[PDB]
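There are 2 protein chains.
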Amino acid sequence: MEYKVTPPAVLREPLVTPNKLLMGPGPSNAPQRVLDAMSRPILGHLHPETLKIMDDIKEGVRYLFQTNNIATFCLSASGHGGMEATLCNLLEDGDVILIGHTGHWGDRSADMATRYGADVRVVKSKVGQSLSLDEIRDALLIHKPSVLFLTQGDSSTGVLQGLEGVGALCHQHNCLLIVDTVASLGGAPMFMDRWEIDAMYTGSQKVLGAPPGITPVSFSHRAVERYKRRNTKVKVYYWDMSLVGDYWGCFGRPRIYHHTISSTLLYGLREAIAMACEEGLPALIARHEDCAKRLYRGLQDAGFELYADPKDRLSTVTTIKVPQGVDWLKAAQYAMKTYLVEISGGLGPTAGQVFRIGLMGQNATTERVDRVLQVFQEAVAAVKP
Amino acid sequence: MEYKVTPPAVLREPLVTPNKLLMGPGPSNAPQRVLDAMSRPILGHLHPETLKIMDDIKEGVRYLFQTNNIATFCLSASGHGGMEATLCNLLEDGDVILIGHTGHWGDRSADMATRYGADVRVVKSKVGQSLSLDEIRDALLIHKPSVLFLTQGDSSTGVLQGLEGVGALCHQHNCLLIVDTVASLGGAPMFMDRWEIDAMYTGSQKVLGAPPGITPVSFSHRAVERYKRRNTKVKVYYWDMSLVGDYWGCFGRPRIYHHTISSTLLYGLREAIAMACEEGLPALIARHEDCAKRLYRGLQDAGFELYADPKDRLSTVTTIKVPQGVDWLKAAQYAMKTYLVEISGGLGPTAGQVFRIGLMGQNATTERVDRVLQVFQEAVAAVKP
Numbered sequence: 001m002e003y004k005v006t007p008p009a010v011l012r013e014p015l016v017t018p019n020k021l022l023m024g025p026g027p028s029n030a031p032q033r034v035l036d037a038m039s040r041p042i043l044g045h046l047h048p049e050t051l052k053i054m055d056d057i058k059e060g061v062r063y064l065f066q067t068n069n070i071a072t073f074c075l076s077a078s079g080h081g082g083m084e085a086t087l088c089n090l091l092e093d094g095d096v097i098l099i100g101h102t103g104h105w106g107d108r109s110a111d112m113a114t115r116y117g118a119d120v121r122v123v124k125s126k127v128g129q130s131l132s133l134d135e136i137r138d139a140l141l142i143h144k145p146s147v148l149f150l151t152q153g154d155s156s157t158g159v160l161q162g163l164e165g166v167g168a169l170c171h172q173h174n175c176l177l178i179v180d181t182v183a184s185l186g187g188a189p190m191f192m193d194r195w196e197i198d199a200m201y202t203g204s205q206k207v208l209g210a211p212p213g214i215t216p217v218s219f220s221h222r223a224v225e226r227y228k229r230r231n232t233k234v235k236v237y238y239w240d241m242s243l244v245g246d247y248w249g250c251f252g253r254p255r256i257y258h259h260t261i262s263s264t265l266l267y268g269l270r271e272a273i274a275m276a277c278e279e280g281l282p283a284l285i286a287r288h289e290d291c292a293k294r295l296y297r298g299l300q301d302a303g304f305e306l307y308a309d310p311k312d313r314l315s316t317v318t319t320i321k322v323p324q325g326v327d328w329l330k331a332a333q334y335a336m337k338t339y340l341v342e343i344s345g346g347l348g349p350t351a352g353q354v355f356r357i358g359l360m361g362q363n364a365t366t367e368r369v370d371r372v373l374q375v376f377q378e379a380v381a382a383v384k385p
Numbered sequence: 001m002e003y004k005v006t007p008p009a010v011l012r013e014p015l016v017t018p019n020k021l022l023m024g025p026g027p028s029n030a031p032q033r034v035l036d037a038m039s040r041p042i043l044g045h046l047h048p049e050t051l052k053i054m055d056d057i058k059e060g061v062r063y064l065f066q067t068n069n070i071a072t073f074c075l076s077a078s079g080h081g082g083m084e085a086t087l088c089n090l091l092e093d094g095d096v097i098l099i100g101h102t103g104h105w106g107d108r109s110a111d112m113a114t115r116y117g118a119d120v121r122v123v124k125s126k127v128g129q130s131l132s133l134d135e136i137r138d139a140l141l142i143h144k145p146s147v148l149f150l151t152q153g154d155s156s157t158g159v160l161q162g163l164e165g166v167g168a169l170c171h172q173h174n175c176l177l178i179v180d181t182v183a184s185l186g187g188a189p190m191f192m193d194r195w196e197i198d199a200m201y202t203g204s205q206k207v208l209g210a211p212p213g214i215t216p217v218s219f220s221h222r223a224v225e226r227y228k229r230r231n232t233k234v235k236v237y238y239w240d241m242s243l244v245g246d247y248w249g250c251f252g253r254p255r256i257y258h259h260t261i262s263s264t265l266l267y268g269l270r271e272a273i274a275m276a277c278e279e280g281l282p283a284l285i286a287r288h289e290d291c292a293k294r295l296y297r298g299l300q301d302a303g304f305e306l307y308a309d310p311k312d313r314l315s316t317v318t319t320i321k322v323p324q325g326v327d328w329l330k331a332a333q334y335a336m337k338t339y340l341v342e343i344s345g346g347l348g349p350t351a352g353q354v355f356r357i358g359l360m361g362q363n364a365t366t367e368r369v370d371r372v373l374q375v376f377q378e379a380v381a382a383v384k385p
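Protein chains in written order, with the deposited numbering: chain B, 1 to 385; chain A, 1 to 385.
Keep in mind the hints are simulated off the structure, nothing from the lab. Just so you know, even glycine gets a beta-carbon here, dropped at the ideal spot from N, CA and C.
With the Cβ distance kept under 7 Å, some of the chain A side facing chain B (calculated, not the full set):
(1) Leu35
(2) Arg40
(3) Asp56
Each pair of labels, with its calculated beta carbon distance range:
(4) B/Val16 x A/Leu329: 44 to 50 Å
(5) A/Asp111 x B/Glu225: 23 to 29 Å
(6) B/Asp93 x A/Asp134: 36 to 42 Å
Sequences are here, hints too, so could you generate the full structure?
As structure tokens, then:
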């Protein structure tokens, strides 16, 4: 009759959430408007007011993506969930996919594609570079894949992948084009429809500054056609484009129960998107690009070496070579302890090789560029001089 | 420079979120303490303060589940993600799973299991009843499965499934037991280890009254052993027990990046779990059971007929037969328009057959029982002759 496990003393303590300047590659600092909204009361997952918020979110993602795709919605999962769903829906066992590897995100997408039963091919960029159009074409011709996967902003290497003409080329060869824009959307140009992109997703917590955990996704008519010609059901009910699309009112069918959406995350995402739409893409993108340029000047004045090829830089995540003799983790710790500012190390192929400074959303301002420049310089100088 | 899609006018309007009394089967009304916590600033997904919150959550779930399992963590997905992940990790192609069907959740689990490539078998409850031990034993003998899946509280039928001795029986037959406790945990006795349950999950938005979208899960040593003997990687990186368990500090390995957890949902869940642990399981379960007893008296005095067998009722979700000549949807609309109180229809097998009144967390009080009884009776009286 005993309860062998007792109520944890730990939970009698107050919840502690220090207010930090998150100048890593994400999450970025939430606008106060988005934090306030997440105190709103919970709504039922199928209540008209919830569906209204979802509808408004769809219009906002269509703007941000520049698409008219009817199959536009959000996944109830973090950014990886976008990668998962896009692969899960558009691959069957033995389908050949080509991954355009420009950093860690090439490794992660290859992993998921293999877990889903695909025949995974990879074309690797030169170090610190994007893939050229020629390199992409050559690999397409060689592999003859049904899917090509590219990461527009690879946050591990700070590399922005060019996309003009690639969807067109894919479509000459019965190939679908999937693009990750988690780190890049709002910090670099994107025109989903104009660039013939078939499936695309972004993150809530990067340029948008919404909470992590809900991810906008869109599928073209060609991608929907692919889904319709599947011989077997997608492996995960949770990601099934038809079923979540129906919940999100995409295909003219009744709304029905698929899962309970997090109305909290809807509130924060909706306000974040409203803010971004009000600023407008041209101003939003320009602000991130201009901030990044200011960062480069300060870093290069101070004698630091940037990792990415200057032609290939992503505004939102700047990779900086760790100077000979500095302990990057100790530098990070110094910055956090003294200032409550986050500076980050690398990821995947750049683990231990770089620092990464994110300039995203609330943090892409001249004041915050200057702050991160100051504390980064101080932290590096502080450690083994 | 050409933006064919324009900033949506809809997002210029205020976000609107009416505060309703959610007396359907979930989500339930959030404590003010949980809503307040969700305005806290976002933290980095690997920051020590974040890992501390996750650690504290693990202690709380171990308490609520009554388990010492090291493989205890939360999934960054809604309740369906618990079912997905538990099936995904514990099934390989051709594995025989037996589903104990006591309502909708038997159909949904059978669905996911077939999607994941399992050889799916079903044993079905008598209408409005739980499965007996003999019925389970007989089915085990016929199918000889490697996993049995049961739903402790099936929210579609309002049925509580008895679990004493079933894990033991499963283990006598080289079978793992998976149990869904989304609707039942906190509203009915549960002792995961004592009852020899191998995998279990709950929902954040039911008894706990946290936001939807993060789901506590736990796996026994036997379950972990099953995982370790797979010859194939789990199909979804996002659900992989080993990888999310490592992010959650479960297996003695370094914490690494798996995905960006949602700060906001952590805070809400942390607070909800803290509150439940402070009340304690004995008082928490008793409160739900007593509130349900009060509701049954009120309903039966008013001449309504309960759907579930008196011996098999789930405290947290009460199924009520829709009287002859009542439009259930119309009655629900009436209650929502006049009082902002939610009463729900049916789900899956009970769709169009029942009303469902949830008594969960903040809404399991004598006052709220009396409120829903008053509005339910008024709403039904309004649409009937």
